[PDB]
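Peer 1: So the chains spell out like this:
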Amino acid sequence: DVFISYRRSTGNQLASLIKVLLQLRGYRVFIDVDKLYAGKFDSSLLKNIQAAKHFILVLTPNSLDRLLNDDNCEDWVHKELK
Amino acid sequence: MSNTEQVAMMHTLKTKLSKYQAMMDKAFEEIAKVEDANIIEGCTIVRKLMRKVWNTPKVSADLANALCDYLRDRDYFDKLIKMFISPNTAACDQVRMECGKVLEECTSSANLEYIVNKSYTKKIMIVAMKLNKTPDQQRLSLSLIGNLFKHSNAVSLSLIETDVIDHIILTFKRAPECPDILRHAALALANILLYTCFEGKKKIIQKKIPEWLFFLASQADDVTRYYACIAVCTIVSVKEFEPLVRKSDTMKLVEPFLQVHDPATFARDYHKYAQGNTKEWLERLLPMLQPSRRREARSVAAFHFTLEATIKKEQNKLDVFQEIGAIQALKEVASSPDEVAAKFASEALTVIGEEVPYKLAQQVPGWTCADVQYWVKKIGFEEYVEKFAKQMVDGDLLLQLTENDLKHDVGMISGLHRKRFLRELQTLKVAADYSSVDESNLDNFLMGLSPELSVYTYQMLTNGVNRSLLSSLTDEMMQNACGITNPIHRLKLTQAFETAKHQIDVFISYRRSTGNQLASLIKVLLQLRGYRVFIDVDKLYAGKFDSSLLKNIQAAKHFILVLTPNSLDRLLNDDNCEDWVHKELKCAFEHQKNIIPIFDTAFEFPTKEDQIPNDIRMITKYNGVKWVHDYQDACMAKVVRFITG
Amino acid sequence: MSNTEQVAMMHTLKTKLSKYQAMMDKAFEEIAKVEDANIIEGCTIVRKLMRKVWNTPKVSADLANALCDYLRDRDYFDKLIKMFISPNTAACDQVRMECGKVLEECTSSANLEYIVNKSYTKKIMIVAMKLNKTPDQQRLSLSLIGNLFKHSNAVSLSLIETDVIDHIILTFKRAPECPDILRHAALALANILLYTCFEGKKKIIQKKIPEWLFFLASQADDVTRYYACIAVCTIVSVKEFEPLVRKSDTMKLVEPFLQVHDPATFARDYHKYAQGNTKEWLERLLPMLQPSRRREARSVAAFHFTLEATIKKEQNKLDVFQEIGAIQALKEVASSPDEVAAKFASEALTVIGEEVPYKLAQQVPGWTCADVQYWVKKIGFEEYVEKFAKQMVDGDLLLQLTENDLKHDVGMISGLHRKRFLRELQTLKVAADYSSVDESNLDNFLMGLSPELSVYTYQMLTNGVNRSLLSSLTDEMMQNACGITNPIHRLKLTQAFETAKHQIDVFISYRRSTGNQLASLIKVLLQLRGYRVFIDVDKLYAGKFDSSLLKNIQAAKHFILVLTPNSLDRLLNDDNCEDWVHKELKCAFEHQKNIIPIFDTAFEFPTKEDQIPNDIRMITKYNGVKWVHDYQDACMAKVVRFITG
Amino acid sequence: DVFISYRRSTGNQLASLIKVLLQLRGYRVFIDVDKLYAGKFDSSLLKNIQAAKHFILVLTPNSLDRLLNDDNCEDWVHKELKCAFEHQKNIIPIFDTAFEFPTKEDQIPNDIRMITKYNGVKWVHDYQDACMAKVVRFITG
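Residue numbers (the authors' numbering), protein chains in the order written: chain F, 709 to 790; chain E, 194 to 695, 707 to 849; chain D, 194 to 695, 707 to 849; chain C, 709 to 849.
So that you can see chain F by itself, here it is in the shape it has in the complex:
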């Protein structure tokens, strides 16, 4: 239902806790850590977003950083948010 986007190293523990707290609140909430399998990164990352109605971004000390000048949409948080 809810996708969590974050910069891995700083959404981190909070991003995880968000999953846990929303699962406590009954939402089937999943995270970047969980939904990567047997193939390319995009091709497992992004599909979760389309099926989700709701998209949380954990905004943190390197959340938006690697999006800067990312015109080629190389950053995964960029691909997720796009």
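It is possible that part of the hints are untrue.
Computed cross-link-like contacts, DSBU-like style, restricted to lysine-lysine with a CA-CA straight-line distance of at most 30 Å [as the list claims (entries may be wrong)]:
(1) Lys580(D) - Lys571(E)
(2) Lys743(E) - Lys842(D)
(3) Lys612(E) - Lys580(D)
(4) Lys748(D) - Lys694(D)
The set of hints was computed from the structure by calculation and includes no laboratory data.
Please build the complex by placing chains E, D and C on the supplied structure of chain F, with the hints as guidance.
Peer 2: Structure of chains E, D and C alone, referenced to chain F:
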């Protein structure tokens, strides 16, 4: 025998059928492994089960038949046939033996018909003729042979063309030290003679079979003698062949052999072989009672029909002798001067007694008011029967009943009487078949979940519940609409929905300078997880770095790259594909292998990713296993999930 | 004896069985330590318990039998046998003694049959013959010997081939100063003679046994004399052997010995030995009453059957004498001119009296309406019996009864009478067996939790509760579905589920950062080679980083050092033993572990070897395996060679 | 059941995630936050440590740094850890994915110096749904 017993039998039958279906599935899961000991053990379990079923006091025949049906329905029977006839089974003849023994247990009329319809008949025959290496093989062989000889005249005649009669003769001639061989021989001869035309009978006789039947009747085994007496008396039943049996002398043994036995004393020993004696085979034996036949043949037939009447009393299937009209021929023989035959026929008629008023169909929704009246009467509520009749209660209406209906419309004042009544009704509800109306085998599902839950079937079924919907029911819907007021039962079915959740296999590419110990750990652990796993070390000994390593990659389903400390650096600017990790990874990509990058303890991807060649660069953007020393089990779980998909 | 007493006996039996099963388990936990004093004490407790059980006034025999059964079912009996016969028991003969005394208590017919079925018979016999060192050993020996002689003719005859008769003779000849030896001797002789054929009796007699029985019957001990009189009268019951007993003079002692006693006076003394006397042993004594036998033999038999009738009155099992037909032989003797025998037989018949109307099955759900009527009658509700009959109440229906049912359908107006009735019903509910239906032994569980909770068994069982489901019940479900309205009882069962929650072969030392994967590979490979191999990652128990790792090394036989780069380098100048690899290696050296360095391919000993602390410096000179990934099969073979020496 | 000691600046989310995973699994897992009322420093934390069987210490980057020379236990992380040691709690350091057992550990006060030479569950975010399991084994023994 009471209606309470009809219910108890039906109940037991449905119950133990449900149980033994599940247990048979477990045994078939062992068979379906296609490994010698597992097939042997599974078949052993099925064999034990089928014999225990045949030993089950009353329902034995029906339960055996229903399991024979289930074996066909599940294609378990087809699998057994294939795993018997297949030449690959020569790897372990004990597999063929256990398959064959099960087939022996399971060769009902409908199972033999299946064999014939699928044309396995001659394949099975030849493979039975190949089962000759030991007395056990020989007995099983003669058994399967004799079982094939329980199908109609054309089949028996077609099997005469194999010259199996000479094989039979040679088999018992080889090993008369086994009484069971002589039994299965005499059985095969009795069966084929009983199930063959005049021409085929003549062909059988030409194999000196009257003289062999003399030999068999002269052996000390009473079961061999019984079958031998049937066989010769079948021959004696034919005009041309009485002189041939006279020349065999066997008729001189026949009546004395009967005289020194009782059908019932014989029955208690013969039971193991009486299992699977059948109406059509009785219909063919009935002519041997006729005044046209010898006193010997009439005596054998009479003794035999008394034996069968004894067994069919226990089974509550005496109706068969009325259906085939044998009762008339028994009366004729009882009136005849053939004192031995007349005695046995009189005894048989003594065992016949009188019919049941109704055999109740387990499809109780189909019951008429007459059926309900009969049931109510027999369960000891006679006083009420007129009111049931007046109220025009039927099978369906019974299954709706509540104590209010009893209290008011049946006027049934005693709460105790109501309790008692409802207990029987619950029993009946559990016992009843619903497949008449249950498209989905929801009944069978509920039975499997727990047998008592059968009680709810009809209510929920009539409310329009089906096997697909069950997950979607709330406790309220269950409790109220489906009337399952017992929360314990609700919990049980809730548990179904709580539990409604969850060649080379691998090549390992790695850097020799750093990924050695970990690639080895991976390789050994994945072999420990049953995977056909290879690595550099397991493929490159005493030869070149040949196209063979790439063939091993091509043969793999899945490809590990251990992304080690310092692994990928030599791939930078490797446009000429000189690096062997590059060659390995390129090959994996070209053949679309399930690629598993493993991010080591101390691994990193290069800063200059743009310098990794285009054909392999994609590895940096691929889903992989976090490696950790202490977290190895989770890391390995991440390997395994990527392998299994 | 009343039905109230049938209930009280059944109740007491079930109750004390539950209790003594638990106490026996505790004693078996002491035995299962396999430590001398614990086995001795456990067996002492079992012995005390079995004797206390025998001394329990009414239920003694049944309770003893049920515990003998439980001992077999728990394999406790098998364990006792092994811990008696095993040569390891020579570590403390008092272990064998206490095991033997318990086995003596537990030598029921079924337990002796178990011994025979497992072929322990001659092992036990010989080991009893080895129990000879003291009068206590000798008494126990003669006891076990005599107990083996309570099994059928073939077993006794087989045991004659041991010449144990001469051992028996020597045993009583050694220690006639012990009356209990003379008792167990005379017992053994009585038993073997009673349980042996003519040929074996002749073999026994050839050991001068009539003259030894004269000796025994001449001793002042009445129990020895009783057994001696039985033994000689067993001989006198045989045609050929009357002259041999006449030559012994023992028949001259027989009638005077009887004349100076009454069966009841003897019984009160003899009871300690009479505990365990059994139907088949009575069936074998019955022939001694026959008019074919001597006056002496008839007198002994009559006196004895009066004793047994006395004991079987107390046990409420007088039916035995009807079952074996002894009543007829007692009538014959009572009519006979053998005045002494006739008196005792008349007295026995006086004790026999009249039959019970019904012995109720403790499986009360199986009760017919006739049974319920009988129960209701006997509990003092006679005026209602007709109404129970009219209401067709049965074994199941009883167990559902609420006061409403009494109030309305039984019309039973007095609330006090209802209270009284319900008290009896509760008693019965507690008392009843449910094993007929309880697949899960929920009854047993509830009894163990607290006996009164038995009351709820049938309700919850019929609601489909089982031992596994109990975990999952809410107070509501318990109260409402299972009708346990008493919150105290609910609390008790809540306590169950409230509380139903919560050597090394090789130790591997390694540097965490550089030997991780190799140490794990070594661990896995040695575990594949069956060695119980342990590592830094695992066997630490959430305190400070502390002694447990070095205790793991102390428990280890062998110590592997995964001598990878920068392992012994970290030990340089570690004089204060701060490094954990130093602590590990130091401990290995101190406890003289079989130390093996495993050299990684890239490992080299540090240049400043003199800076390795003196206590561990020796490791640079050690015998180790250069690990080569290419040859890891051979490397591990070498490691195993260093492990195996 | 448990008290979590953690660094308020750096271990907040992880301490809560531990506490809150042990709300999906149910466990009475105290924490530094919340447990202080209207008082000079309530330190109800220490009473709650005394009531605990088990004491988790969350060890992030920057976790131990201010405990150096804190012999007064003026860091409440110290007063917490000291109390855990004094009452012999089952003590479970949880090392963050980025944690290293510090240099200058000898400057950790004598009463708590042991904490770097202690058995603890090293963390991974990437398999959070199993990293927890080892914490529970350290609790359950």
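Peer 1: Compare the structure with each hint and give your call.
Peer 2: Outcome of the hint check:
1. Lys580(D) - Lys571(E): Holds. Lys580(D) to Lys571(E) sits at ~22 Å (cutoff 30 Å).
2. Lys743(E) - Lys842(D): Distance ~23 Å between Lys743(E) and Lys842(D) Cα, so the pair holds.
3. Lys612(E) - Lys580(D): holds, 16 Å
4. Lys748(D) - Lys694(D): holds, 27 Å
Against the hints set out earlier in the document, no violation occurs for any number.
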